[PDB]
Amino acid sequence: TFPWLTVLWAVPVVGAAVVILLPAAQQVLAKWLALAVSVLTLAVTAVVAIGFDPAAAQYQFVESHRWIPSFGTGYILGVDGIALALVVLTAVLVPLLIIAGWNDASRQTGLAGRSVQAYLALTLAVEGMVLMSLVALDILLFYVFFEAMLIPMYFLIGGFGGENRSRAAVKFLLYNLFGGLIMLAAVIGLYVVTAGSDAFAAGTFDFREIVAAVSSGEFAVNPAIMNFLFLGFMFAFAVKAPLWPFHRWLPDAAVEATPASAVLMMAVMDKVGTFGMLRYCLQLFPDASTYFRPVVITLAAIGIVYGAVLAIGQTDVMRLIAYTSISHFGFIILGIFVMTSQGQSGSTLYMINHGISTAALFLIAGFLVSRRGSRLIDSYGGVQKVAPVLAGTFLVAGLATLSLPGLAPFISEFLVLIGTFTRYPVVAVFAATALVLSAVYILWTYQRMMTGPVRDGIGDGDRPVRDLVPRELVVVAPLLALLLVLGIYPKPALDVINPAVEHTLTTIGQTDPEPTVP
Amino acid sequence: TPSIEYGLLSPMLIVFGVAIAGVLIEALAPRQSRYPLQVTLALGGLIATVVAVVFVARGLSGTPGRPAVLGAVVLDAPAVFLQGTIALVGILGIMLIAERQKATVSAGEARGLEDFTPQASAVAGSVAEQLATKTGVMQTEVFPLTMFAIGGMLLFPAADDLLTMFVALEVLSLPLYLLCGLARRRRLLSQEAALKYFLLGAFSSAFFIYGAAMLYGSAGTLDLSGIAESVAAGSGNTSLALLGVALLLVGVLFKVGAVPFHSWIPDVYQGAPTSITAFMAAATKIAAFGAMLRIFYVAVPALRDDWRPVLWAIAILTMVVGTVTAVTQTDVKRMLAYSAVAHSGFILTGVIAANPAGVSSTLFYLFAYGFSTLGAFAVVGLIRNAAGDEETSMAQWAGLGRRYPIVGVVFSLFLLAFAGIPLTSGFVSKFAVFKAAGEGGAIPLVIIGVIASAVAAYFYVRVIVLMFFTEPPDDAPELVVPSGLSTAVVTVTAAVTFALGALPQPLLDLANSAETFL
Amino acid sequence: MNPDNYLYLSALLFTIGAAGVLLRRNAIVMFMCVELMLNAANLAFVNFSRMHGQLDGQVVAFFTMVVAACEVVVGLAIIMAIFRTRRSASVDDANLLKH
Amino acid sequence: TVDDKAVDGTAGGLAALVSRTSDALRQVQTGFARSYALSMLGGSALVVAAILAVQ
Amino acid sequence: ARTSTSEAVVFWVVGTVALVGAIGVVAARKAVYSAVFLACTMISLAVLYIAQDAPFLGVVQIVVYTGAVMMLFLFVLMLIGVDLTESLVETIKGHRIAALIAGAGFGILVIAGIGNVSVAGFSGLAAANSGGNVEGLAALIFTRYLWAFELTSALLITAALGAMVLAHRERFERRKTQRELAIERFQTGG
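Top to bottom, those sequences are chains M, N, K, L and J.
In terms of the authors' numbering, the first sequence opens at residue 4 and continues consecutively.
In terms of the authors' numbering, the second sequence opens at residue 3 and continues consecutively.
In terms of the authors' numbering, the third sequence opens at residue 1 and continues consecutively.
In terms of the authors' numbering, the fourth sequence opens at residue 573 and continues consecutively.
In terms of the authors' numbering, the fifth sequence opens at residue 13 and continues consecutively.
The hints are simulated quantities; they were obtained by calculation from the structure and are not laboratory data.
Be careful, since some hints might not be right.
Which chain L residues face chain J? A few, computed with CB under 10 angstroms, are given here [claimed, not checked]:
| # | residue |
| --- | --- |
| 1 | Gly585 |
| 2 | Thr602 |
| 3 | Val619 |
| 4 | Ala622 |
Using N, Cα and C, we set each Cβ at its ideal position, and we do this for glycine too.
Sequences are here, hints too, so could you generate the full structure?
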């Protein structure tokens, strides 16, 4: 009965509170304490995952309390296979991002000496609020945390960043908050509809009850209202997890923010968009999702190819990785909205693999960018000679983001592509071209940077490119280790994800299409 | 003979008797002892008023409410809620008003941090004004005037007939007309603000009284319940009822500051003393909206189909013009003024609900928003130019948060609350009003309010950008903490804005229990 | 003569009062126009009270006159301070706060 | 080009529209109390709307 | 509902005076003329109140507004001028036309809203004034409207406080006395 889920999200926020409250002189102690809180949250995640039985009921570790009955929302947490997977992703990443951004806040001034403490506390608050969103089984609670986590990252981008930090932070927050406010419109519409229907005792936000009612058919509502509410949810989840048209904010912010914070935005937080698409959009609005399924599928595939192309066209390392993440988000959304067990399971595993892979690749690029203070690709050359280990890890990460079977991401992309073929073969081929496009923007980048004659000031002067330090080794090794393990033996993660995907597909009245042959 | 419910009328009676006693202190107390007594007499009185209200709340536990003076005053749950809110906001406002100068080397410390000119009758910058400042004299008459305003604003929600509302409107307005012209610096601007507010307030009150005349003509009575019986009974002149409702609405909308009638607020809030700005922006909004709730939920419910379409448009305009005009405003005080303009429309949405959820949401919105606005204006008062003038140009605020992380964080909390980001009372508040509007059939207003809030988040966020994401300029304004009274106001206000956002069910149950008028 | 005529007159007077507040710069003239609006409201109250066979509106006229007197005095105080600072009673001159 | 000019350009155009409209509205605050009073008296838009609400 | 033709004549002449007085208040370019026109309008409205079976209200109107317009005339002489003939020239681009249009529109709309009302039942005031018009007003004021009557005291006090705070000038700006002036190196005669 222990509040495992509640503690899981509480610990990061309380840790941020303690950290920001430390004396400025305890900066080193602040770093260590933040790392310790992250590790404690990861241990909580470990116990939650171990106790979770994917063969058991859909929702586990369910904690329920009354929070705001006037709004029909209660503090209800419960972790399913998909939420468990993303929770494990967030937990494993956050300590690594902390030890990745160890010195990121050193060169800041002001904040009464709390710049390091502010950085770490903001990171912890983001981690905890993302966790709260993931394990929240209350629509309004989830929206609360989903929208609010924009603010800690808005600060984390604006402070602790490059020259365009102000502009990129504003664009990020405004895009995402406009989406969130559209989802607030949709949330209030959903509350009104539930209040207008006899299926519920009163206007309700309990996700489980609403899902059960819509599945049981009792909660019968006009398809027009459902379409509009679905669109409201979709706009916010699309701007959050960048669906092609709305991606525009992510490139700048990822470029401007410090690499650890940018990875925290992309690998962890942006996932919450697709997560919502998987949990709410499909399981609240099955008929609307089906009706809009072709258009969203088209948008996701176009996003895949479009992000791949733009990454190809990027002169900037960080912008290239951001567009690569956009294309991978296109993959995730495509796999989620194809409503195929292969598709949804592959897209969940793809959220995991893309989180880890982008984290590794982007952090390696961030170290390289730190060594020489230029983000321009042409500013480098022959780095493979000076920093062999940096180049090796960068190549491994690229291979991961390249969807090579020897690494994790392939297992997912494949699964998604397979899923897309059973319902939209043209779209499946259109996305499969991204296998080629990924090779392009990955290997061309590595060629321009690591190979060729060593560029000026690369191995000499005041800005040489020194190899990876031990701390960067600690950051990098676990990520590549997970990539290898999940590529070789995804069986545990897939076994966790599949029951949740099957539950979802049963919920929305969809099934994997039968093979052509009888 | 008439029966006077003294126990009921206790809060207003206490405030008005305290105001009279304060005028006595001015009349027959020596100079040096006036301020210590007034701030003693005022604050205690309001605290007593607060106490009275809670007992009155206990008194109305069984019955829904009661009239007091043979009509003309009805203490019901909404009335006691609004009176308690106004009492708390008045306590905070008087703690701001009583703040004296930061005695540096001389004993001329005289109620200057309150921003009140030592002798308002003197020509600004005259040798007489300078000599008064050197001698450290203060026009303590401010304390009674403020109290009188509160008295009126206490009654104006509780007035149960047109004559009492009109008298209370004048009683609260005249003190504010006078107070707006007493600022310590930029005396020209304060005097202009006082003149504008007087002229436009007199205009609006003339409309208010003429509408009261039309309502009386239609109904044959001016007790609100009698007007409701007439309009519902169909016996009165429907056209006169409508015209009177419209003309009365003109005055009440001026008081709250709807876009057709908002033009005063920018100038008045800019030029008025920052303390008085903070006090009024909460108290007058609360009192005016309470009266408008009473008129639209007691006096004239039956004509909803007749006045709903009007408020709709107003609300629309209020949210749009109020927010858009703020997007490109460059002065912090004026930006907060336009923010108040927009939040008036946000309130009006939940008033348009015309359902009990409308009343509950409106009461919560007024409480939380009044507190937040008072805190934000107090903070804006703490920031000083090198010359002492309250630095309000946004450019001078660059890096203000970095130089003062605590005040920066508190002000950012207030801004996020105004934007309505979750975890702040401002979210819960806007959510409640929007939910009432949607449940009441006014979903389109919820959508327009969503869009308006999305637009307003930009100007709310640019200020946080200036505080934290920019390095302080060469001449950055310093933070003057004049006295522990202002600190207490800021702390209480921010703590309320945060707690009432995280765990709002306290005071939200009280808002619900105040959903019905007598 | 239909009693309603009084209301029309009141409506006219208020209207003129309104127009005055918009057209005349001199603060004293603005105050007199506001007094015209308040007195028009009083006339409407008196006519309606006569119509309804009760003195309520006549009572309300007293309180309106009281409010008019207090409003005029407050405006006079504000104008006296402004005139001391500026030596001008024109409202248009109080234009510093804008945009 | 599409990204920098169409996708980003649409958002930038919406921002420019908001900013231009904000400037145009802010011009409405001429600072003349009689202009504010003129807006309030044009508030008889409320009177006409409520009267026309019967039809 | 048609009141005695005598009342018709009284209304026509007196309301003509009142309407012309308001128009002169708005239009007279000498502020003293506008003050006198306001006094005329107040007197006319008092006459109308008397004619509408409201003696005390009309008489108090005459008294109090005699006082008020006298003071407003004094303030015109102080702050504006003794016989200053103001230009009344539109200083805000096109504002005069907009104000005229808005005022006329509001007047037309208010007249439309009022429309025919008296035809719907006009209960004379005789049953009310019987026993004393002032007696009835006292009954109402101190029984039903006692709270508003009390708050009029707050209005009065606030007006006094505003006058003292903004108008009264303390010692610092006090003008020197003749006694004071003669002194100080024998001022004004040395």
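How the hints compare with the structure:
With its C-beta approaching chain J no nearer than about 31 angstroms, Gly585(L) sits outside the 10 angstroms limit, and its interface hint is violated. At a threshold of 10 angstroms, the smallest CB-CB gap from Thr602(L) to chain J is about 7 angstroms, leaving the interface hint in force. Against a cut-off of 10 angstroms between C-beta atoms, the interface hint on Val619(L) holds, since the closest Cβ of chain J lies about 5 angstroms away. Interface restraint check for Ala622(L): the shortest CB-CB distance to chain J comes to about 8 angstroms, inside 10 angstroms, so the restraint holds.
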